[PDB]
Amino acid sequence: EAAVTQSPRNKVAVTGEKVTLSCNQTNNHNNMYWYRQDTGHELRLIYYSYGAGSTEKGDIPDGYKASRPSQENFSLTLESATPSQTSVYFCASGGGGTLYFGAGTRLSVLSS
Amino acid sequence: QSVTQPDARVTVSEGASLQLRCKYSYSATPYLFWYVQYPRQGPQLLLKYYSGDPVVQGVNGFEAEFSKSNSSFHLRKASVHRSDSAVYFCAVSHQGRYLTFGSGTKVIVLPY
Amino acid sequence: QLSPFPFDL
Amino acid sequence: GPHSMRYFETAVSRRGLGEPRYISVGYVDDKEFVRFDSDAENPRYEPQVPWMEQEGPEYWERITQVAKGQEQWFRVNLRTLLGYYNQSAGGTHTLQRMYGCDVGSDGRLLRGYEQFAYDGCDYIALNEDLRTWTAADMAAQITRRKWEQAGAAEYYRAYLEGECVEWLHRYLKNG
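Protein chains in written order, with our numbering: chain A, 1 to 112; chain B, 1 to 112; chain C, 1 to 9; chain D, 1 to 175.
In short, the hints are calculated from the structure, not lab data. Among the hints, erroneous ones may be present.
List time: in silico SDA-like cross-link candidates among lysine to any residue, alpha-carbon distance up to 25 angstroms [what the hints assert, rightly or not]: (1) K57(A) to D39(D); (2) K68(D) to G58(A); (3) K57(A) to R44(D); (4) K57(A) to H94(B); (5) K106(B) to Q41(B); (6) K18(A) to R44(A); (7) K65(A) to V76(D).
Put together the whole structure using the sequences plus the hints.
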C-alpha cells in the first residue's frame with residue numbers, strides 16, 4: 001500500500017506554467033489512477049490507465065493530459081496551470097478491485 | 001449518485017460506538033469499500049465487500065454490513081478512540097474499472 | 001449486463 | 001427447465017500490424033444473441049437475434065462501454081503472458097476468456113464459470129465451488145497466488161450468482 005509514491009509532494013505553481021505530477025508504483029499493478037480532491041471531501045477522477053500505453057479520460061479530464069510510458073510510472077500534466085486546478089491530487093494503483101492511494105500532492109496556483 | 005453518505009459530520013464521545021451510514025443506488029453487482037482519510041494523508045482501505053458473509057471485518061476494529069434489501073453498507077466501530085477522528089469515504093466500483101467515492105463523513109471524537 | 005472488469009493476470 | 005448464458009471473448013495479437021483483434025459473443029441457452037467486434041467501422045455490441053431489439057439504447061451503450069474496457073484488459077494481459085512464458089513480441093498469440101451461468105429448473109444458479117485460455121490451452125479456471133482455482137501450469141500458478149490473496153474468487157462469484165442469473169431470466173422473458 002505504501003508502495004505508491006508521488007512527486008512533488010508540495011508545489012506552488014504560477015498561472016500558465018506547465019506542471020507535471022509523477023507517480024511511481026512497485027505493486028506490479030496494471031491499473032493506475034489520478035484523482036483530485038478540492039474540499040477535503042469528494043475525490044473526482046481525472047485520468048486513468050489500464051496499463052502501459054493506455055490513457056483514459058475520467059469525469060473531469062479538461063485541461064489535463066496523462067502519460068503511462070511503463071507499468072510503474074503514470075504522470076499527470078497540466079499544460080497551462082489555471083487557478084481552478086488548485087487541489088490535492090492523489091495517484092492510485094490496482095490489480096483488480098481495491099485501489100491503493102499515494103500520500104498526495106498539494107498544488108497551489110499563484111496569480112502574480 | 002452511485003453512493004450516498006447522508007451525514008456530513010458526526011460527533012461521538014470517546015469509547016462510544018460509531019455508525020457511519022452509506023447508501024448505494026448502483027444497479028449492477030455492488031463491489032463496496034470503506035476508506036479512511038487522516039488529515040494531510042491519502043485515503044487508506046478499511047474493509048470491502050464482494051460476496052459471501054454480508055458482515056465484513058476491517059482494520060482497527062471496523063466492521064461493515066452489506067444489505068441488499070436496504071441498499072446499504074453501514075460502517076461500525078464498537079468503541080471509538082481519539083485517533084479515529086478523520087474523514088470516512090464509502091465507495092462503489094464502477095463496473096470494476098475504477099472507484100466512485102461518496103462525499104465523505106467527518107468524524108469528531110470528543111475526549112473524556 | 002456483463003461481468004465486471006477482470007483482475008490482473 | 002434448465003438454461004445457460006455464456007460469453008466468449010478472444011483476442012488475437014497482430015505482431016506489427018496494429019492492435020489485437022477483440023471479439024466477444026454471448027450465448028443464451030446455446031444460441032448466439034449478442035456480438036462485438038473491434039474490427040468494425042463503429043465497434044459496438046449488436047443484437048444477433050430480433051428479440052434483442054427490445055433493449056433500449058442505454059443498454060447497448062453501457063454494454064459497449066464494457067467491451068472497450070475488455071479490449072484494454074486484453075492488450076495488457078497479452079503482454080504480461082509473453083512475460084510469464086518468456087516469448088518474443090514478434091509472434092501472434094491468443095488469449096481467451098469464457099464466463100457465464102447455468103441455472104436449474106428452479107431458476108437458481110446451477111454452475112458459474114470464469115476461465116481463461118492462452119494459445120488454445122487452459123490457463124486458469126474458477127472451480128465449481130466458486131472459491132478455488134485450477135492452474136494449468138507454472139505460469140498460471142503466479143496468477144493463482146495473486147488471485148487467492150486479492151479475493152478474485154469472491155469478486156467473480158458476486159456477478160455469477162446475482163446479475164448473471166437475473167439477466168439470463170431477463171433475456172428468456174424477451175425470447
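Quick rundown of the hints versus the structure:
1. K57(A) to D39(D): 22 angstroms, holds
2. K68(D) to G58(A): Measuring from Cα to Cα gives roughly 14 angstroms; hence the hint holds.
3. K57(A) to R44(D): Holds - the C-alpha atoms of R44(D) and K57(A) are around 19 angstroms apart, at most 25 angstroms.
4. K57(A) to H94(B): 14 angstroms, holds
5. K106(B) to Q41(B): Holds, at roughly 14 angstroms.
6. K18(A) to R44(A): 21 angstroms, holds
7. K65(A) to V76(D): 21 angstroms, holds
Checked against the numbered hints above, the structure breaks none of them.
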